[PDB]
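Only one chain is shown below, in C-alpha cells, and it's the form deposited in one PDB entry.
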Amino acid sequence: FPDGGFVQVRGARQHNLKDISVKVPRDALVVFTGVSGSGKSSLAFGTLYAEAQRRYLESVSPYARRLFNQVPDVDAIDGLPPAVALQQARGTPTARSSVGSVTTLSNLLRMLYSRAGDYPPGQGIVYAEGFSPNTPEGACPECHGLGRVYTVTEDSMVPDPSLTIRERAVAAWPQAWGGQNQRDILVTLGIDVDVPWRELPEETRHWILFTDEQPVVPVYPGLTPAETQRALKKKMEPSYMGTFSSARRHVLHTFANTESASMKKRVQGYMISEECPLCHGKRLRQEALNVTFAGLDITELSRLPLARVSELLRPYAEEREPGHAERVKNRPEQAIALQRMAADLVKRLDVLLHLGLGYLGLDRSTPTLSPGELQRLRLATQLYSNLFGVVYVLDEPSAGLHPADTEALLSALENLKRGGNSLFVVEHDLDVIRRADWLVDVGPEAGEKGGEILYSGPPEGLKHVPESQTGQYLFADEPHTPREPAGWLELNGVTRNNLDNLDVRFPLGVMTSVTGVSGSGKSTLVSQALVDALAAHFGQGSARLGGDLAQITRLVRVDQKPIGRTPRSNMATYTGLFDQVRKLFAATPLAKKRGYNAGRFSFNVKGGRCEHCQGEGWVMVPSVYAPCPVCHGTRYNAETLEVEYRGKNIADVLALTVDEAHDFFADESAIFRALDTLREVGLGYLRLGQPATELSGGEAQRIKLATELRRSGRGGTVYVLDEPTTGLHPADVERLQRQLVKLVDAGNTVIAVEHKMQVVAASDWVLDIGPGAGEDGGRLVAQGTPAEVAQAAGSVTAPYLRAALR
C-alpha cells in the first residue's frame, strides 16, 4: 500500500455516522465490518458509492442529473474513482429479468441462434432480437413472451358437464335475462338445449363456448323448441331480436368492463392460470422456435443449467463437433464465426462455473434468485465486463455461500481487483474478513451508539482494540447437548427441481439446521416443498405430509422479504404497534372532546392526514426517495397534530426510536410489551415510522420474528425460516440464537436453512443436502446430531462442522 494510494474521506455524517474520517486504500480488498445497524452501508453506499455515483453523473449528464439537486452529508472525499454497485439500493424492487440477461449470455446465444443455428428448408433468417421474449418481434403475440395465459376453458365454464343447458349447464353465463336470452338464442338456432351438455357434438360445444361470432337471431321467448322451430318457418313476427355471445365472450368482456365486486370475482371463478396454447409455454414466435441448434430451440437451451450449456457448446469452440467435418468446406463464413461465438461463450460461462453458479438455468428469473446468487452472478458478469479503474462496491457476496466454496469467491474478488480495480465489500464472513487487504470497522454498537470508525487498517491490526465487537469473534478463537425430539414430521416423496421423490423427516420441538453446498437444494426442500405442504395442510410440489401432525398446529415462516413496498407501511404499521398508539391517542381528553375517531391518526385513511401526501410522508421525485413537500414530512394536518399524549403528538412519536419509545410508553401495557420484542430482537435503534423500504431485510426479518416471539401464547407451531444469518454480524447471530433457544423451550420446532456452522453446531438435528450442486445434488448426504454428521463420510459440510465443534 503506497501513501497517497488512498481514498480520503473527511467529515462523513450520513445517518448515524458520527462526523468521522477514514483513509481506505484503492487497489485492495477493503472489507467493511461491524455490528448490524452500525454504519457500514452509510459509509460504503451512503457516502463512497453515493458520492462517487453523483460526481460522475453530473459530469456525464450536465443535461439534468446535475439539475437534480434534491446530496450525501460529507465534507470531502479525495482520490475517489468512479463506482459500480453490485447490489441495488435498499428501497428498490428487483427488475423482472433472467440469469442470462443479467449475465448477458442470453443476448449472446441469441446472436448465435441467428448467425449460426439450423434453419429449416426455405425460410429466411431470424434477427438476434427476434429470439427474445421481451421484444415485440421475438415474443409470441398471445402470451407476450410471458408464456402463460389467464383465460377460459371448457372445464372452468362447465364445472358440472351433466346439466341441461336450460338448467344453467353453462355456469359461466349470465343469471336472469342474460342467460335466458342466449338459452333461447340457441333453440332458435336449431340447437337442442335439453340434452345434458356432455351429450353435445364437438365444434358446437366449442362454438357455444368459444366463438368470437355473434349471430343476430329472432327470439320467441318461453315457446317450446318444437314450436320455436315451427314459428320460425312461418316467418312469424318475433318478440325481440337477440345477439348471441359465446360463453368466453361474456366472461372476458365482463372482466374487462366492470367496476363490480362479486361480479369480477365470480367471473374470475371461470378463469384459471394455464400455459399459453400458441407457443406451449416456450415463449417465442413459431418463426423463432423454428430455428434449432444442437437440435434445440433457444428456449430449450435456455432452461438447461449453465453447467450443461457450458458442455454443449464446448465442442463447437474447439471445432470438434461431429458434423463439423462436413461443415468447414461446405460453409466457411459461419463456421469461422460459429467457433468464435461458442469460443467466447464458453470463456464467460466458465467464470460463472468457477463460482459454482453452474446449476442456475439461464431462463431463471432474477426475482427468484437470492441476494447472494445474484450478487455473485453480478461479480461473475463483471469479471468479463472489462471495466478498468473503478471501485466495485459489494454487499455480503457470501450470503448463502457455504464455507467450502468461500475460496472460489475469495478468488473472483482477487481477480476483479487484479483488473486494476478497487474493492469495497461490507462483510460479516470471518473467512472473507480474514483474507482482506484492509479492514474498516463500524460503530461500537448500532445506531445512536455506533457510526464511529473503530479501526481502519490491515485486519491483523484489530488485535489491539479490546472494544471492536468484530475484534473478538475474529481474534479470541460451551458445547451443546442435542435435545430429545418430541416426535417426528415426515415430508414424503417431494419431487421438485433438483429433488426427486425424496422422503424426509424433521424432529419436532427441537432445532433443525439444513446444511449443504450452495445450490445443493436446501431451499426447494425447506422453503418451497416443506412450507407449501404445511400451509396447504393448515388454513393458509405434490408432496405428502405424515407422522405426528396433530402435535403441530401452526406454521410461522420467516422470509428475508420486506415488510412492505410503499412508505405507507412501516415498522409500527406492521407489528400492530400503531393500532395501540392510535388507540391511545383517540382516548385522550382532546380526541374524545373533538369528534375524533380512533385512527383519524391513521396516515393511511382520509381525515387526519394532510392532503398533499394523502398519507405517505415521502414523495418519490436509479429511482430515489426524497422526503415530503407541504405537510412538511409529517404526514398529518395541523389539528391531528394538535392532539398530544404526554406532550407528544402522533408525528412526534412516529419519529421515535424504539429505545426512546420504551422509555416513553412506560405504563402503557401492551405497547411497552410489544416494544420489548423488538428491543430483544435487537432493534432498539429504529424509528417507528421509518418506512419498510429502508430496513435491511435482515432488519425486516428481525421484525417478523419480533412478532411471534410473544404470540407464542401456546407453543406448538413450526418455525421454518430461510437464511436466518441473512445479514447478521457474529454478535448478532448470538442474540438471534438466544431468541430461538427460548422459542424452542416453549415446545416449538424450528427448521432453519443454514450455511454458517456456528449456528448449525448448536442445532439439535442436521440434514446435509446434495453431495454437490445442481444435478450433482438433490440427494440426502447425512442426517443426525451435529456430532453424527460431523463424522459422516459423504458430506462436504462435515469437516467444517467437525471444525466448529472441537
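Residue numbers count along the first chain shown, from 1. The term rigid core refers to the maximal set of C-alpha atoms that superpose within 1.5 Å between the two forms. What changes on going to the form deposited in another entry:
Summarising the superposition on the core between these two forms, the listed residues 444, 420, 461, 269 contain exactly one with a Cα shift of 2 Å or larger, 269. In the core-superposed comparison between these two forms, the C-alpha atom of residue 669 has shifted by less than 2 angstroms. Positional change of residue 241 between these two forms reaches 2 Å or more at the C-alpha, relative to the superposed core. A displacement of 2 angstroms or greater separates the C-alpha positions of residue 184 between these two forms, with the rigid core held in common.
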Given for the second form:
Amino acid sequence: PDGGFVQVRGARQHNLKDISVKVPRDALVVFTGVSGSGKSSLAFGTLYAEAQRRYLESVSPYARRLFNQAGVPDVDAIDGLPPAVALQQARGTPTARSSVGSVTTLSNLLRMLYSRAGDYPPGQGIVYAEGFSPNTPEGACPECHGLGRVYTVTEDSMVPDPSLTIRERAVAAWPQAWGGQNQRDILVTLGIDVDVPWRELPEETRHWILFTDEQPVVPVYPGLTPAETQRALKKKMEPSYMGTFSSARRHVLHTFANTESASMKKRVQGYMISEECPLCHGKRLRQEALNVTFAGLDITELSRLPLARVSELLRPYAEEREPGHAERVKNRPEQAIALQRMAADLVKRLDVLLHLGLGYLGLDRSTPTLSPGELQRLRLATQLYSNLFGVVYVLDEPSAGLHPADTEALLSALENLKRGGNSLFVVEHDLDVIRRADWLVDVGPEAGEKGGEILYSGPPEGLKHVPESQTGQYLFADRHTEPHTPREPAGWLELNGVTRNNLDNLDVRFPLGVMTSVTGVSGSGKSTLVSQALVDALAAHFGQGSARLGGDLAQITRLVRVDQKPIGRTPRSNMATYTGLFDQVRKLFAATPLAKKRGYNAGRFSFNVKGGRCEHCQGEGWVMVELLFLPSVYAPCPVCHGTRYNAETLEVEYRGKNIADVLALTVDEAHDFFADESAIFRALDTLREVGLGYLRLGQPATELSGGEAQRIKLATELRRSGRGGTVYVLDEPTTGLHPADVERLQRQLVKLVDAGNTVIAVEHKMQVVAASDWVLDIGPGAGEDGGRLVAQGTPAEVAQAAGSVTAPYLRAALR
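The form deposited in one PDB entry done, now the form deposited in another entry:
Just the single chain follows, nothing else.
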C-alpha cells in the first residue's frame, strides 16, 4: 500500500478547480474553510457520492447503472476509497417519519422484553414481539387499526352547503377538477337529477350517493345535456368511456388512507370528523398487549418517558437487584435468565445515547420535530453499536446545536467510532473540533468562483504556515473583532407563566431595542421558550402549552420570525422570486423591441405561469428521478436542460442577456448588471451584505443549505425594517457559518437594532453571545434537570454568574 491514503485527482464538482488532494483513511479528517468555498462539493458531492455510486453498481449490476440519469460526480480518479455512509440526509429531501425509538433500534428490543420478561395478568398466556407494535395485524387495535383515532363522515361534513346543485359541486368531498365531474356524469347516466338543489333529492338517493359501497360501471357521455344523454342511451350510441361510481365516503376514506401527497391528505381531512378510539383511549393496540406491564407501565407509558428515565428503571434488573432476586429464581422457567441478559443489553445501548447528552428525548418523539444536530447525533450513537467495520462516515457539522460544555462528549464518540475500524470525513466550523482532528483539508481562499482550491492538506499544526487560510487565522493568529459595549434597553417584554414541555410556570423578561442571546445546554428549553412559547404568544397578540404577555407592549408592532426551513420544498423556488425582484425583471423584458413585436406581456417571462415556460418541467428546470428508491433526487430537465423556458422565449434579450442569462447570474454579477434599476439593485444589495454573493438568482431551493436559506429570509426582511417596532426572533443565525463569516453577519444584526428593532436569537456559540447586549442562560441541565432561568444580564455580567455552565466558556470568549 502507498500509505493509508485516499487519493483524489481532477475533482471539478461545482466550483472545485480541478483539484488533487489526499486524505488518510482510519482517521478523523475535518474539511474546513468559509461557506461557499467548496467543502461539501468535496466531502459529499465528490467523495461520498463516488463511493456510493461504485458500491451500488456492484451490488445491482445494470439494474442501478441508471445513475447517469441522476448524475455522476465530475472527477478524473479516486483511489483507496472504502464504501461510505452519510449520517445526514441529502440537501433537498424530505425527512421520513420515524420515532427516536425506531432510529435507535430500541423500540424493537423492548417489544421482546415485554414478550419474554413482562408482568402478565393472573394467567393470560404469551403475546409475541410482533404484537406489541401498532403497525402489525397481530398488534394493532381492530377499532382504529393502530391509528389511535376513529374517523367518520357525515352528510353535513361532506355537503357543507345543501342549496347547491350536484353540477354546482354540492358534494364538495368529491375530487377537484375532472374527478368530481366524472362522478357527476356517472349520476346523469344513472338518471339522477344533477341540476336540482341537494336537499330536494329523496333521502334514499342522498344516502346512496354519500354512503353506498356499490361501484356500478356505466357508459359515460361528456358534454351532453341530461335529456340528450337519455337519447344517447336509447339509441345505443358509442359511450365515450366506461365510468366507475365511487360514493363520497369511499373516495374520502380511500384518499385519506392511501395518498402520498401531504396537501391532499389535508384537503380530504376537511370533510371528516375525528374522535379518539374507545377500545384504546389514546394508546393504539389490542387491550391484551396493554395488560402486559413493566415497572407498573405498559409499552405506551414507558415510551413517553425520557431515555434517561428508562435507563435508570432498567438497570436494577441488569445488575441483579430488583425488588428482591431470590424471590423468583427457584420458580422461574426461563424468564429471569432472559430478563437479565436483555435489561443489560438495553442499558448498554442506552449509555451510548446518554453519554451523547441525548437522555432528555422520549422514544415516542417524532424525527421531523428534531433539529439537524439532534438526529445526526442519534445516528452517530446508533452506529456506535451497529458493528459496522471498514466504512467511511461522512458528517456535516455534528456540533451544530451543541453547547461548548458538551463537545468532549462528541469528540469522544467520534474517536470510538474511528477505533471500531472506520474513517470519518467531517465538515466542521467548530474550532474545538478542528483542533483535535488527525488531519484537515482547508478549502478555497473565499466563496464561489474565488474559492474551490486546496489551501492545505495535513495535520492541523501545519496550517500555522499557510497565511491565506482564514481557518488558520482564527485558530493560530487570534482574529478578533474588538469588544462590544452593551446598549441600553428601551423597554421590557414580559413572558409570564410559561408552561410547555420542561418549563413549569416560568417568568422571564426580554429587553427591547436591544439584541439578546438565549443560551444553555441542549435540551434545556431555549427553543421551547423562544421559538415555541414566545413566538406563539405574540402571534396571538397580533394579526398572524400556556403563556401570558405583559410589559411595555405599545413599543412592539410586528413579529418577524426567521426559521432554518427552506425557502421552498421544490425547484420552483429561488432567491429571484422569494425576494420579489423577479417581477420587475419580467417588466423589463416585456418592454423590449422584440417582445413588443410579438404580443408578449411580462407573463411570458414567468416560469409559474403557462405560456413562455418549458411545460415539460412546468418551468422548474429540473425533473425528479424516482429511479432512486432511497430518497429521490433531481436531474436537469431533458428538454430545456435547466433554463426553465421554451426556445422562443429565450430569443428575447434585455441588454444582451436572455431571461435564463439573468437567472444564471450570481448575486455579485447581477449587482453589476442592475446597478441603475433601483428596486432590483437594493434587494440584491441586502443579499450581498449578508454573504450570499456566490448564489445564482434562479438557483433552485433544493440545492440550498439551512444557513443559506436563513440568510435569504433575513435579507428579505433587512431593508423593510424602516425605523423600529419589529421584534426579530432568530434560531442559531450562524448555522453553517465560518468564524470569519459571522463577523459579516453580526454587522447586519447591529444595523437592524440601530433601526429600533429587537433581535432575540437562540444561540450556541460564544463568539456571537460575546457581542450581544443582554444574555438569558436557561436551565441547569437538560430535560427534567433544566427549564430554569439560571442567569441573566450583559455578557460580562453573566460570565461571572454562579450555577451557570456557559459562564466559564463565555468568559474565555470575552477579552
